[PDB]
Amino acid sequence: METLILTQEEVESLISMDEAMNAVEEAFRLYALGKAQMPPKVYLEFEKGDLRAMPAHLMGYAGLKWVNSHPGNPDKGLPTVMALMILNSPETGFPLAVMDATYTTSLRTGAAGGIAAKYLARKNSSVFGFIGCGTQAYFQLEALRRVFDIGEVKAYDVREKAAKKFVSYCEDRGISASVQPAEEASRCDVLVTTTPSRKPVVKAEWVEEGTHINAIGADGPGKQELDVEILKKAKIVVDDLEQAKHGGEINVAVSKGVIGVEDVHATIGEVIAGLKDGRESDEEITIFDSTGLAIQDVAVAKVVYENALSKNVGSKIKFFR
């Protein structure tokens, strides 16, 4: 036995949005039903950044992703976020593969958006808003368009060029799109928030009846994108209650004591497994609060891995004797 090693380039070509969506969907469901293992994240704090260990066990695979976040890195010429994933057999413990997880992380968060919209947005959804046109908004779009003939896109960003670049990308693939300011962008069927805002970027009365919001942006205590007033009158669905309470979109309203646990309707897993209701009336406004769960990562890695075996990809390394 040897260990497979796969680089970012290799992984990219080894998994499609479609595969990723299935992996993620099934991962949420299995976890909701008690058929997946995900112990708490572990942190190592530094002055200039941090590292997290996120292990999980499901679908006959175990793995650990080890991912950093160092904001100063761009200015140093490296990416803000680098992730490696070690994938293991639960039978032997053997390290089947060590692979990049930078790409897959982005991929599965988008996948997750797609799935959540799949279960929570109105089926007749045609107009799509993007508040923030960074890397994740692309993934969110790519996944969402696996589930919707997206009729119009409305794109807002703080940086003029970033918005435009996003719009050009849409028009490249036939989606009619338009740069718009945040006011009008927020008015749609599906809204996708990806900003790392600390004040709310979206106002309550901009959100119409029947809107679904993928609140992906917020990634830590104090980050917030939506007016606490939308959360007050919405069907709220989480990635994971603890992690949403700490770092997700609800974190500030929870801390200020404006909504509590009581107010969260369901985990997405629960919705997929049918333990809790999805969307009810057309008029209601729904929010998916995304956080990232390690099970998403392992589930997507088993897909990459198994394909790599199929297509004979990677370097093989013999770690032991």
The other form holds:
Number of protein chains: 2
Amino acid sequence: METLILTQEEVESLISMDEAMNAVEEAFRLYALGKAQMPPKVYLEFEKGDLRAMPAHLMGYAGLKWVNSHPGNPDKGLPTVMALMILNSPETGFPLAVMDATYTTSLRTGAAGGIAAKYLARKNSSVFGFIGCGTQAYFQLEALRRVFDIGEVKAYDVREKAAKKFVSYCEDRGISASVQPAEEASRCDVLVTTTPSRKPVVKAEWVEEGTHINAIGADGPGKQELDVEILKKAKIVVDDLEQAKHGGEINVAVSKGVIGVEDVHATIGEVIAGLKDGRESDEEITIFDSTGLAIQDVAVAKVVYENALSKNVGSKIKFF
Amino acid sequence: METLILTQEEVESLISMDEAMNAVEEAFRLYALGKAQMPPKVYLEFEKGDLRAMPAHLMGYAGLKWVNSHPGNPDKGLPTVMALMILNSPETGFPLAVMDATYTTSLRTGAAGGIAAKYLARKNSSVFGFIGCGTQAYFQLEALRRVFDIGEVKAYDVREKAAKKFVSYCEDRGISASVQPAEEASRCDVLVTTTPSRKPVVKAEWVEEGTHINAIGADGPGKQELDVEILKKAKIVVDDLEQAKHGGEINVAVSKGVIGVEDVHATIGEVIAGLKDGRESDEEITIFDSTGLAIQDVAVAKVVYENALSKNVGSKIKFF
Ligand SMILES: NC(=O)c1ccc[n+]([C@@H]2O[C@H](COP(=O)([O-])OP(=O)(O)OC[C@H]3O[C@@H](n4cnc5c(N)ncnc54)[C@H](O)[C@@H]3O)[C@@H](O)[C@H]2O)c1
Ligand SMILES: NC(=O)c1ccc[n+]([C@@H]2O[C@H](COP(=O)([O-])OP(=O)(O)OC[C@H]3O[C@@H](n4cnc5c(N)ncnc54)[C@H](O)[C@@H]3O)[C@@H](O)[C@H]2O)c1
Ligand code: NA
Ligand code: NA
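Since the one above is the form solved without ligand NAD, can you give the form solved in complex with ligand NAD too?
And the full complex, kicking off with our chain again.
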């Protein structure tokens, strides 16, 4: 028996943002129809960071992603986030592959952002605002242009160097774009928040009617990027109800009792599956609360694995 | 940097049974003292088997063992049980090694049996009987050999050649061993139950006083190996309370309501750390209910990992 070993460089050449988008969309659809299995994430907290286990079964595969988050890592000489995915066969339990999931974690988060805006944002969106111009912002930008012709990009980062680079990246591919303060960047049709802040970075009075917000940054207890008043006034569509409660953009609000569960309109899978309506009026403010789900990592790993067999990419180890 | 890769053949040459028994004994102690973290197991159920995630943090390492069980695997050209352990630095979260845990899982279970008996059986034990003779019997046997001085060995199983595959293996290294059905094997100083049964296979009657029993088989909600009565009459010492009342030897009697918390004497880690006593009478019956802990897998992976670094064994992959 042979287990395929895939490196980050290899995995990067094995999936398309479009492939990632199709896989993530079907994953949401399947989970909402009960055709996917996914236990809650498991945390192992450390003093300098943590590790999380994210197992899932769907589309004919099973797998477990084991990701860490150590902030002091860069100030040290290593990425903050490193992830490994073990892909298995549901019929034999055999470990078909051990791959880098560092890149695909960013990729499939980008893909989800793009799929959520496709279903929730006004069909006429053209102005895209970005609060935070780090790695994830680029992936969100790339997924979104698969679904919208981007008229204008307004970019804000506390690190001006990062906003200018993102702006320059846009122009390079012909997208009109400019660096902008936070209040102005927030004025748009689709607003992508991608910061790891623990206090509001976007004010309610800055958000106009009809805005769709991809709230991506918040993913751990206490993380929070939005003025809670925005939450009260919006149709909130989460990733996974329980993961949003614990660490999504809505965690602080729910914990401090500002909004309840009736305040959550649907999960993105329910909308995609037709179990709940998505955007219903032009005036409403919509929010997609993204936390990252194991079904997205397995779906996407399935594509990397099959494309890997096809191109004879990888190396092999006989573990047993 | 790189991640060390270790095959089952390599791991087998990197850890001795004595190291495993010391690693495991210390893992139980440390955890009883709150010096280790271990969240519950996470399951993924499939039509023909399952996969479980077992993460733990102790001894300066963190790791996740991802292991399956597909009963129809042998008659398909695969072992029923295969497992991989990703071992990590709690400091940077970096995955130091991805190694086989198929062999060690067996090793660390025998080791546990060996440590439990060392603390719970008559210090004069010399007659051992086995109810199973399958893979695990071999590891319990090999571990018990490092603790007590054997003389005779009573061995039974619902197959006969296996009692033979076992008896001669047992004879070959120097201990008089004979096949002897349930009733016969059942009386000894140490009884080692290693079967996947679903209803008692050992009757209250059959067991003499002063017997220490390693109840190793009961692995899930369904099975039991002992006649509930034996329970009502013994020093019951568990692995982890939560896991045993869920799927260990006590889960049925507990689910039926016959025994409860109050009836479990202690955690094996508690006896080792001396927070609870062990045998206190030559007569009393003592049972070690084993379910298998992640902390045992991580504790054993640390030994494999350090010996591998020390002997320059293993291949390397640059995942990122
Ligand atoms: N939901 C998911 O599935 C998912 C997937 C990937 C990452 N994440 C989360 O995304 C964030 C990281 O995105 P990344 O990988 O690009 O990280 P990064 O550090 O490269 O990007 C974050 C950017 O935010 C900017 N920033 C920080 N504070 C700010 C503030 N107060 N206002 C404006 N800009 C600010 C930084 O200067 C940086 O350029 C974290 O919160 C992380 O945990 C979630
Ligand atoms: N608690 C723990 O730490 C731990 C660790 C590993 C395995 N397990 C459990 O070990 C058990 C089997 O070990 P393995 O996977 O090495 O096994 P195996 O299949 O290699 O051996 C089990 C043996 O039990 C015999 N057997 C089956 N039913 C019996 C019955 N009713 N009466 C008498 N003998 C019977 C079989 O013929 C077989 O030889 C399973 O229940 C498994 O879930 C528990
Ligand atoms: Na957020
Ligand atoms: Na048992």
